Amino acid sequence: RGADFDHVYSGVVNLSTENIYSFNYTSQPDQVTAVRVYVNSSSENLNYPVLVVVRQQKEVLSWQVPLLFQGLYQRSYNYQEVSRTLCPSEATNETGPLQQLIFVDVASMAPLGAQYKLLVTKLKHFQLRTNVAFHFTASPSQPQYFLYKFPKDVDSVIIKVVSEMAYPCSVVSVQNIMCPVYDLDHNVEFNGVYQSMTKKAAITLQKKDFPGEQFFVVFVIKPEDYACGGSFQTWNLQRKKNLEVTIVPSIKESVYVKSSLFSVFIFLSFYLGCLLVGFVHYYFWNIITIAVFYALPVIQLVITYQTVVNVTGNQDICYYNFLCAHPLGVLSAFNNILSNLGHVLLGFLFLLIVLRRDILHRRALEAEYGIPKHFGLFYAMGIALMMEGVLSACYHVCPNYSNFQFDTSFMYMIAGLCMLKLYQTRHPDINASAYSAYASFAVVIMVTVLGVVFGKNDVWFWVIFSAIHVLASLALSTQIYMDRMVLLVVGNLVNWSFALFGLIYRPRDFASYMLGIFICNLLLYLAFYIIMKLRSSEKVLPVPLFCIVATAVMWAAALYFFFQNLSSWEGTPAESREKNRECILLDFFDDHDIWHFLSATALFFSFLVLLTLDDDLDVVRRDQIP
């Protein structure tokens, strides 16, 4: 039977009958026409469904209405409205116009008969345009896909999909032009690149990875939300999701060289400003072998994760900030690796400042008027700043749950090395072995990895950790040891307020909770050392006084950017994608990349406080005050 588009056909079909509708149209040699088939059936007899077969010249497509889904824990779902878009055949100038037939056959095995309703339409907004937002609606029985053609200017696009409600859970997939299109639950992750999505998604593509410089963008809704965060609305027989897709061209290669030269010439401006004021006046092996032995678990691991996300299309592994992930060859986020250049550049500059202070100290001993200068741990800290950037750049190749500590765990060593040197400046009788720096670092990683996994924010771990936190502060207070007893009980109250804050709220990101312990204890013992210099008759020279004000304004700026989370391994990867944000600096760097820039500067100026604070006493002779 010859039928018409945009007309709703209704009928009844039983075991003897089979309705056949033949649809006939013509494809123009430049535009593309997509056909969608709508089938209803308001028949709840689920022992005799309505079977619908759609035949084309080169394909056959079949489904049953009502569509059935088997969820977890033995739950069944019905869907009385099924919609499928047939794979379009594109006519070109080598072919001309093409007359195409489509046969739709409706059949059922019910003895009494089953009622249905059929509608076949041509899609008008099938081809997506560049930088134009397009709104549509999908369903677990009504998947959608659209076409995007690459312009000759653009070589890389980003597919930004936005939804204002977290549920139903969905899948956004990118596939080839070659038929068939996989738009069902069991085949959408077969080939192509896909992402799970509750509220946001972002897929970055290259023009060189597609033959005809075109792809399909497939939208499939899931019947349950177990792959996403939740589980299982006024009689939700249909799990409709309102989506909005925008295809934005990526940044050009001039942004790759303008932003990379920024991240070098900013930290090389520290080199020029250091040798200028040098012109005006005109254990490290131990910490590297801790670093590279702690590192090699992730080099053996993140090169497998970065390949699995590339040889498959499973982009649910590596937890990036997908709205600010700029690839370079194999790496999928080059800006997260390039932003750690400030650690290895300012950490190398701090070694050249100590080496200038060490050569000009041995040349003065060949020809007492100060505290004994010990440049041992100063070499140990500038190395530890350099190894912090190497460890965290390896984390950002594929951030996930199995390497989460490697963003900031080596900063516990840096904060531990700073509090030991500040104790060493007026207690030179200490002797910390190279094993003790390895063993005390190994027990603060263990309790971190455990807290996040086993602790799993339960009250059994948080109480006994709060007891460890309050007796550690009670041990270091009298070890440091009359206004001396006044400061040594204020600093316990800051650690006690820190202990009960994590006890009543239980922050799940325990690796960032351990940073707050090591930073505030650093910024208290450094703050108590200045007040002890000012309660005595000791002034502050303008060179350390600049570095104290610099340390306070760079740590307050870095701790602001530290709290804007743009990714989270704590939940599902679709839950982490809801917090993705665009780049805010030079269209290359997000909030987490400025934290890599400003925590390498705040730790550098914290080093320069510990080096030049006691240069008041380099003219005051010894046997005066300790």
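We call the rigid core whatever largest set of C-alpha positions still superposes within 1.5 Å between the two forms. Numbering follows the first chain given and starts at 1. What changes on going to the form deposited in another entry:
Once the two forms are fitted on their rigid core, between the two forms the CA displacement reaches 2 Å or more only for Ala434 among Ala434, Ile266, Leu72, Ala552. The Cα position of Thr246 differs by less than 2 Å between the two forms after fitting on the rigid core. Relative to the superposed core, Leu276 undergoes a Cα shift smaller than 2 Å between the two forms. Relative to the superposed rigid core, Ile504 undergoes a CA displacement of at least 2 Å between the two forms.
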Second form
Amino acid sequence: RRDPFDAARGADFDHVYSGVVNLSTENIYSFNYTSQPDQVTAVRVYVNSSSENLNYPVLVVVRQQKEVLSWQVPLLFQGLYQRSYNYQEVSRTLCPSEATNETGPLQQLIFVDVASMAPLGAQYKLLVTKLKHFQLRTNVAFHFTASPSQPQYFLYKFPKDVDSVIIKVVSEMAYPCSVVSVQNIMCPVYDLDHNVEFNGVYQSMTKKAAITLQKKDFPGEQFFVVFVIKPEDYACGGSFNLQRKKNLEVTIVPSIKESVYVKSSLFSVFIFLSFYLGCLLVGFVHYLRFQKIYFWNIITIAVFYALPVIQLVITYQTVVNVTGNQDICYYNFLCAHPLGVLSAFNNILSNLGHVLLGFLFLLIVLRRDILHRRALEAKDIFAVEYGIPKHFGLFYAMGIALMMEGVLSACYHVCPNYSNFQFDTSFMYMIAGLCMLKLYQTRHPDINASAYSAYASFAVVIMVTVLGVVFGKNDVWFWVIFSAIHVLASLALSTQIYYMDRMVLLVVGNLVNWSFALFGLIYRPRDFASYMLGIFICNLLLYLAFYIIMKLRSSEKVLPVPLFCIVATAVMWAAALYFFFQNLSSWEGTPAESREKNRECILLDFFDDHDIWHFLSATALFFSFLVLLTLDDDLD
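Please give the corresponding structure for the form deposited in another entry, as opposed to the form deposited in one PDB entry shown earlier.
Chain alone follows, minus partners and molecules.
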């Protein structure tokens, strides 16, 4: 029978052994070592076959007390479209074994067998090294490299007090993909291409990655972090001595404390309770000085838009929570602080304004309407010769639209996905439509088109946006059709509005023409919903400015409050647009690329660009509504 010790070459690490193997010869090495308490050892084996022989690859086997590994040196990889890759270098890190005080020091023996089947002979170069850069320390950076045939991994231990940590991985060149996984301390460790996704959370990456971990999940308060390269780049983006070495840097930082949650929530509540305080103060000062269809329509639409997306987000959140695959939701992982089951608490709590400001506007408008109704009950002719008809439903509809938009944005931000590009700014389409209708009706007679012209316009707009995003991704015929339809609609609107100021239609048409030229040259927004939002905002602002200039030309004085409101609306729009243009993550594109553009929070230690965008959108909409309501106070 075979004797290992007899033929075993008592060897030592760090020595570059060389040899040649025939059909009737096997080489065996018998490395030995010891492990002491409080320290972790991780041997690593490198094998390079200088020869390129492929019909008789070298076979390598590693044996320990309780594990066996085996592979080939000329590693062969198969890729789509019948492509073959051959790597002539291989490496592997053996699973470590802890040594406690009770166990004491432990002696370990490792057998390495190299054998081939080539009739003539195959060369091989073997190397074995200990690892000193194995453990990881919080807040301390680290650099290394990996390859398709050289997967890597390291260990981390949980400090005494830290209850949550964040692992951030950064590269420079995103040519080949990579996969980063986290696993418990239980050998074996699946650091291979086809089994790295079996266990533990994992993330695809090309230039950035971030993973948040708790402490109660892991027994023993330790875990292994595994990095694996991929032979091909199809999954992450474009197409695909052969090597693909990738340089990586990994950092681990403790997470924030609940004090951040308390401070952020209190600040968010009070910053917008201040508006109610100011409104009550102004009402008190004024009192001292003095000393229908929309309702059911909006309720039905709210339920219709709420139930389906709400169930969808519930299911998606549950699935991502259970499976542990962080590639379904298009979060911004750099700043996404979870609470309970919720994974992104900030992006939802940053929606308080879209509700509070809307409810305040509802309250103020209702009070004004009730006061006017009581005054009319008392009767006064001053509002006939020196007054104009008053309407109420439009403002309530605007406010309820604002509340529903806030709730829709929250539900959408629960878990972003490519199937939810709308529901984020859909109701601001209605808000702009209501503003346009209010402006049309205030000047010209009522001539109400009931209420369903706006609903038809909204449905058509949504249909066009969805069809363009789903199908007009790479086509241009649909783009030409949409451009022609937009130009025709603009011309028709100008003609209808027209019937000293004869050049206003020309100005608006020329602006829109510059717009078509702009994106015809650009011809690649790739986000139809964002443009629809922008164009509706443009039209709203242009029409408001035109009406204000017309009123000024009419030789009347604007009350100071509407003037201040208009200026505040302009500045708030400026800030909100600045924050909106900032892009963090995007549903379009592979999840590897979407995370590539992330940022590490601004303002407090909680919020980022999108939250400030929510805040500015809410406040700017509130002030625009106030401008619309209070502009014509001087007429009475």
